[PDB]
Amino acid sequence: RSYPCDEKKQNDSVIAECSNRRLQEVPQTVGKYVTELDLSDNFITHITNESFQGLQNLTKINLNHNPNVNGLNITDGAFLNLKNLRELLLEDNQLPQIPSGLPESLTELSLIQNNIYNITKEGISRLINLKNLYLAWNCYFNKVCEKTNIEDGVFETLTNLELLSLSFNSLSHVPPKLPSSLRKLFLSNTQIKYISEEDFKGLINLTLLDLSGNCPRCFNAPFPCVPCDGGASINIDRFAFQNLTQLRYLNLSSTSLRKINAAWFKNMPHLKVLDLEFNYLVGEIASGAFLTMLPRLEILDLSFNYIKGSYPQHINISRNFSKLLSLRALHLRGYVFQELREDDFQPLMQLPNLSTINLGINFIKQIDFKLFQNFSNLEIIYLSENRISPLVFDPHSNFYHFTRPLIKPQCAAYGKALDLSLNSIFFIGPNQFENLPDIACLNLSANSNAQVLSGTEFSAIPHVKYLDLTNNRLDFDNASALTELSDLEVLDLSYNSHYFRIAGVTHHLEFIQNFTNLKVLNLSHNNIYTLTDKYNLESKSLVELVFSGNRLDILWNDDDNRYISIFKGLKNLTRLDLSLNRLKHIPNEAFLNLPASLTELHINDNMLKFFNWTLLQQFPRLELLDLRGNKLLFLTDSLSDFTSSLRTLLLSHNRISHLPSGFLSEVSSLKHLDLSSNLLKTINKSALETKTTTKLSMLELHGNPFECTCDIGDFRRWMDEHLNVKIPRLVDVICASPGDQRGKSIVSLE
């Protein structure tokens, strides 16, 4: 049983997760098998040539973010003993210099987010097996750091080097004598205002170059930002990229470009991805000679090139966009304009592989929506944060191109996706969706939409499968609401409320029944407290109901018992979420009227005083029961009498102070038991049993006020007699008493 690290197999080697454990030094208790050691985010202050003796087989060490809340102190040759060390991460350690005497075996070294101002031969030129070297974020807006000093030729000996990152340092010019093995060169935010013909000569293998944030566009910049003199653009010689024939990725975001030299791409016939966000290229977008030079470009980003003070009627798209034959995704966020006409996008209608058009955040008032029918492979039409109306820190993330999917994958997987969230569609006009292609995934979130749904509003796109109506003011009282969407599978009505935001609103949920393949319904935070004519939800198809943030406390304390069968008619339900419903006590017969099909039941974050364990008998398929964050005091002593199906039982954040004699005997079915953050002082001999034996494999106990006398010795031995039962976060399974033990782990005892 490992301590303090969680050790485990990964692929065909063994790993030690040892992060975020308040460790003040490198433990000497790591398993002998461990080849990768993550000690990030701890309180470690020193590394000597002894910290790692006893582990000569280490391949990888992560020491990032040490220490927390002076700096990390590393003796010379601390690591040169470790002859197999390939990867060493030393990020955010406040290193004042490259540690000296690093092992020759290193293939990857990260020294991101330190105070290293000098890059010397002493430090790295020996590391001839480096493939990837990360030196970003060392000299940026720090009064200490005037400029980064790169010893002439320090990289020239690194003849296997493929990735060099020096982004977020002040370099003023591209350092000379870079090895010809370089594939990716990151020089973002380095104050390189001029790129000569000489800078990238010799880098005939280069596939990526990042020069973003040199002569930034600082208008409305979140972080400090220093334009070039007179907001001039980065200055790139005409022949700067002539020998970069392999370049696939070019990032020129935020270089204040007003014009792009088509000659830059003369010898760059493979360019795949071009980022030109945060420039001034409204003009170039209109004319755009450079566009004729990019027949293999797959991703173009031209976002946030808007002109301050301007809200032009029209977008002006060069006809040259038609030469981007390989284009898969065009990002045009934050151009900012009023109207989009059919003819404005004519050039793009013939791009055979154009699947994503991103027009988020342009505040467009009007779109001729029929224009989207003229594209053969459009799969993502992203129109969030426009003004359509009713129709009657982290260094390893991308700083300028927001990278998460535009549309949730679960929605887009159904087919063609249109996102009109955060527009002004305050009701669904009778022509809202005419001339749209066949939409499978529609997002109308957060439009202040107060439509009275009656069964006709969506008939021009009747094959929507995933409909996101969250954060609106919708009236779905009519039993015909949304029934024109006979193929609907997923409906999200999270955070819906009345167009008055007033306590008292009633609901009618009869529309649910009409759908024969509706699978997932999310009614979260609808503050549902009463239903009108009908008091039962019904569906033969539904598998998942999310009912969090409503008032089942009121529904089930009804005088007339009108809601005791409220979910029973969901005949195929397997997952049910009744969290955040302010439940104190569920009537016994209300609980028995939940569908017997359930496999997963969540009643977390209510205020349950008691639970009737005996009723689990009516749920022969239940695998997961979640009762976290309640006020429960006792556990039944005979659980195996009530279920042979339950695998996962979550009880953390309750008020349990006692485990029954033979709680976990037999229990039988359980694999995962979570009793963290309860009020246990100890565990019994009798609460532990066997002959048994339990099929248990995880037991969570952290955050209980354990009494570390000799009474707990029973538990400690049972721990060693069941190495197979994992107990995570041992460091947080903490004696609260007696005083001399208070605060230590129960595992450190005699």
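Between two forms, the rigid core is the largest collection of C-alphas that superpose within 1.5 Å. Positions refer to the first chain, counted from 1. First, how it differs from the form deposited in another entry.
Core superposition between the two forms leaves every listed residue (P620, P224, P352, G504) with a C-alpha shift below 2 angstroms except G504. The Cα position of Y311 differs by less than 2 Å between the two forms after fitting on the rigid core. With the core held fixed between the two forms, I204 has its Cα displaced by under 2 Å.
If you fit the rigid core between the two forms, you'll see the Cα of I128 move by less than 2 angstroms.
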Given for the second form:
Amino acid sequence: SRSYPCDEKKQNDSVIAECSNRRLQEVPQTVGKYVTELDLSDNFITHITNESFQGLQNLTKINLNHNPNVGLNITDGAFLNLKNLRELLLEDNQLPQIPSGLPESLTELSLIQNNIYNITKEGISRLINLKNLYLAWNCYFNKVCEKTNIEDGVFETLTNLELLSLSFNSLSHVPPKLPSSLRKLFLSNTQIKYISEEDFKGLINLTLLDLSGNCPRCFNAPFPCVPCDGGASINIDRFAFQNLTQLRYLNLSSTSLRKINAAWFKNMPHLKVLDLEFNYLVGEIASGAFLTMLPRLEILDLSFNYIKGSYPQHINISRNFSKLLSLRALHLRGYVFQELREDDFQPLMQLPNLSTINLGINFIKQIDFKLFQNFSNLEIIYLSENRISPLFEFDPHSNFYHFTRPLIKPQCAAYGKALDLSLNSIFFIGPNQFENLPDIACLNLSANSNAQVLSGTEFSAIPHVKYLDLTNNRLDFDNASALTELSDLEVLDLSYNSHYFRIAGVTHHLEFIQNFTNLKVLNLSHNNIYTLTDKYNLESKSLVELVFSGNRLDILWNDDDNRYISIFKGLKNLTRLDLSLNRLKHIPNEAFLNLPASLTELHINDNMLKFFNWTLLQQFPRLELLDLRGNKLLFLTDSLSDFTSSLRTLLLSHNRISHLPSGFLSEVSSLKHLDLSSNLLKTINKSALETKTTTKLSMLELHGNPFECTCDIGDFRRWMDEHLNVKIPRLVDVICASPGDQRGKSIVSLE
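To complete the pair, please output the form deposited in another entry; the form deposited in one PDB entry was given just before.
All you get below is the one chain by itself.
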């Protein structure tokens, strides 16, 4: 009664089947009859018939995206027997037509990324319960494809349709006879040059309209882009939006706009998000009558409207920006200007809820920082990727014109006001650099090629920084007072500052670490640390997590050198230590015993350990997680229970373990998760996993072992049957390497 090939998972009172990416040649007939959702994506399935899903009474969702994985044949009426089927994902299946006889019960159908150039009544009109219909990306770029034929009135019978996406197809015109139930209409990149008055006239419920990419701005496009003749603007009739009273979202990115008709927004009192990226609106940004029409606008994106070849001294912001009373975020990337002056952002300064200013990628050379102070509620000052100095490749489910990840890492932003100056050229922080700023909590100085010696005075003007990112610089740690002016500092990321650390002959000082009363997380990764000056030990009463990966503990803990034997011992509060990627072949016993007894989580993965002393776990009574993945370990103790009472997770994947000793699991009651995958186990003896006492083992990973599928595997097979509480994932990847004829088969399948 152990499910195969799928993995069943409890989700919200129901069981779903995860069966994706398992090299399945066809729909498995062993799917649990009670499953409500079935993910069969990324397999090699080529055929779907009315026999594929028999008996699955309560199946509401099927994902068949990407079959076969590098044409899916679906018979007429194949899904008709599934009475509860609501959502059917058929993306990236090379479909030539919409499948015939789709179930009337469908509320969601996705046919994205196929070869469908004809939307017919035979295919669609009978699907009267459809709410969401995705037909995007069937004909686009330089793909060899036909222009899309939309049968007249095909969508007319879809009276519950709320979302229609037709983006990235050749449409030429907005389809007539759209149902008035529509809430979201996606028509991006459809080669529509003209929007008439009758196009959207009857869509009184529309909350989103996407017309982006029609008459695109094609200069420097990272895709094959074809402009309207002459690079003309999209042509939107004066009355084209007169009846869209409920509109909240309007995307007009890359429509080659030079002029925004203010009348378009006359009847849109709820417009909340306006996307105007990749146009030619520098003029409109400066004057902009339309800006007076949007008192409820929360997000305005005007990025990449730069004038080709133009590098003006200043940005020109209309006084009418002051009329955007509800504005929360303003995105002004790729405007391109040399200098940000205080008077230039005047109109923005009285906006009550404006919390985000995004000025990335403007080649700004200099800024008058005191201006941000004159704002009302600024939480995020994003100035990444400028020139500031001292003193299919496109995801069809993502935004096409910008990334959607947060501007600031949420862990950093959570502390408070953020200033992102990453990817600039602040190579030196002088006495006055950070004066007249707001109370910054989150400061990003990553990749500024800063080579200075932090001395303890640089951040004095912003003394309440909690999270400081100084990664990817070339910092010279030659002063024990470095960063000490930041008394409340909790997170310090110093990753990738290896420049000076790798030079044996210069001085290196890390003693400043001990000064902080509140420092919790310190990342020293990829710094090539192998030698320190005078003080060889890291010390801190507060530090909870140290990432020391990508350094040279192999040199630090070299047998002929005693000096670094206690390097981490003074981190009394430490619970997480990452020692991965340190080229470790062995850890001296005395060095290992000098690791903080307070550790709950220890990572030594991706080294070259040929040796591990399991006995030393006796000195780590709080240790819960031990990660030894990706080493060269051959040996497993048979006495683990004598060495730990606390270990919950033991990760041993990608090692050279070929034998599981008798009584390995005996009396280790704490162990919940054992990962032995990608090792050299040929079998598992009865006595290996046997126990008399209580065991809370709930996960055992074994995939990627060269199992011997003779009768010697019978005992473990029996053990699997008697322990269904113990999940073994990727059973299709738990594979017989022998005998010659049983090769490639799952061990779960054997007479």
